[PDB]
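Shown here is one chain on its own, the form solved without this ligand, set out as structure tokens.
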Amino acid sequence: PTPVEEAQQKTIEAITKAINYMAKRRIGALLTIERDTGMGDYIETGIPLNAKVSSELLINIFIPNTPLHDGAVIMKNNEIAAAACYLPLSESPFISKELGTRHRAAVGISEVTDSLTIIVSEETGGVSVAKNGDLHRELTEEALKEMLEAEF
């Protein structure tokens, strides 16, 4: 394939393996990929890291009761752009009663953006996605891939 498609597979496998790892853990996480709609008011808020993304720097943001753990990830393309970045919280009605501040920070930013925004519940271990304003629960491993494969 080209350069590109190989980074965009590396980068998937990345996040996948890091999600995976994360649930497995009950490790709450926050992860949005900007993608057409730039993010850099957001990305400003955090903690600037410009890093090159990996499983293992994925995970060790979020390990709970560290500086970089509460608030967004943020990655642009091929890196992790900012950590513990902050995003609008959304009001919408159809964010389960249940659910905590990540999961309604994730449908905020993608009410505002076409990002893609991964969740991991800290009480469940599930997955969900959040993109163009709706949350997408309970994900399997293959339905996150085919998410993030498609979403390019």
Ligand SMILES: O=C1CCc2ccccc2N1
Second form
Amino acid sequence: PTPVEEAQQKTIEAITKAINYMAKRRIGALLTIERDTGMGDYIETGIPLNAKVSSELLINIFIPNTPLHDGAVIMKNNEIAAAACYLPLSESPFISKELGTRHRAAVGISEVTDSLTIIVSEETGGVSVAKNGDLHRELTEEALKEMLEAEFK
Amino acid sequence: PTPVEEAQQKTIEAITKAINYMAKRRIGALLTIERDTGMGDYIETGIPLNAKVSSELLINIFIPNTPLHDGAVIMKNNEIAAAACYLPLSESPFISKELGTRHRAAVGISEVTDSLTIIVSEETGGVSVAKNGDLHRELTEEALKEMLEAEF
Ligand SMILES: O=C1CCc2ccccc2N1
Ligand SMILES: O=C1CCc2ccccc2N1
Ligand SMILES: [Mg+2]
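The structure above corresponds to the form solved without this ligand; please provide the structure of the form deposited with this ligand bound.
All chains and molecules follow, beginning with the one already shown.
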């Protein structure tokens, strides 16, 4: 592997480890990975971090009833750009009706960007991904990893 | 004021807001501010963040029973360099016997650096500072802010 490839895999591993912990504890989480469409306008609504990715920091951000847990983490250029960011709520009538604003925010940003958003449900610990206006629900660890690898390829 | 001075004031405001929040809730915390003696050896023992300072991130770091809460946060200027860092434990006999490892780690790093370390006690909520081998306990909000402003 090359340095860039090793860094991308390290980030994927850090994300999957954090998602796994939050799924087990049913910690709600919203993590958007910026791609070609710039999301500076949304990054600026949150608390600036520009931090190195780690599973530890991702977990610490989303602990319930803490300053940073409300809103989205947005990643950009292999860093955590900001936390507690606003994302637009989808008005799509085709999202499962049992899901709340976290999933609607993920779908909403995916309607106006090429980003990939990961959601952990606080009700079930289920893991889903929003891209292109669609929500892919009930993902296994292997399925999330495949989506992250496809996105970065 | 220069941009450097304004940035320093924002970082002091972030630190004091976080310390005040944690003291009221008995959230133990250990926060070392690097000065002219470089702390790279200790930064490298923790989880790298290299993050912009905010009161929110400082609070989130120290929440009990989380990955980042055990060990020291080390700050470099206006960044949180790393969390969950090792610091050496002082053997000074002038550390109150009831105090635990966070206070002994703070005095310990203060004996081999010119850093300023802030400690929040999870037992009492008391705020203390270690500097040059001495621990100063039970600081008021005003006293802590004045110490930080004097440190910059
Ligand atoms: O209030 C709280 C604090 C801690 C926590 C951890 C994991 C899931 C839910 C909670 N709720
Ligand atoms: O992406 C992921 C992360 C790990 C995980 C654990 C348990 C159920 C589903 C998942 N999916
Ligand atoms: Mg006194």
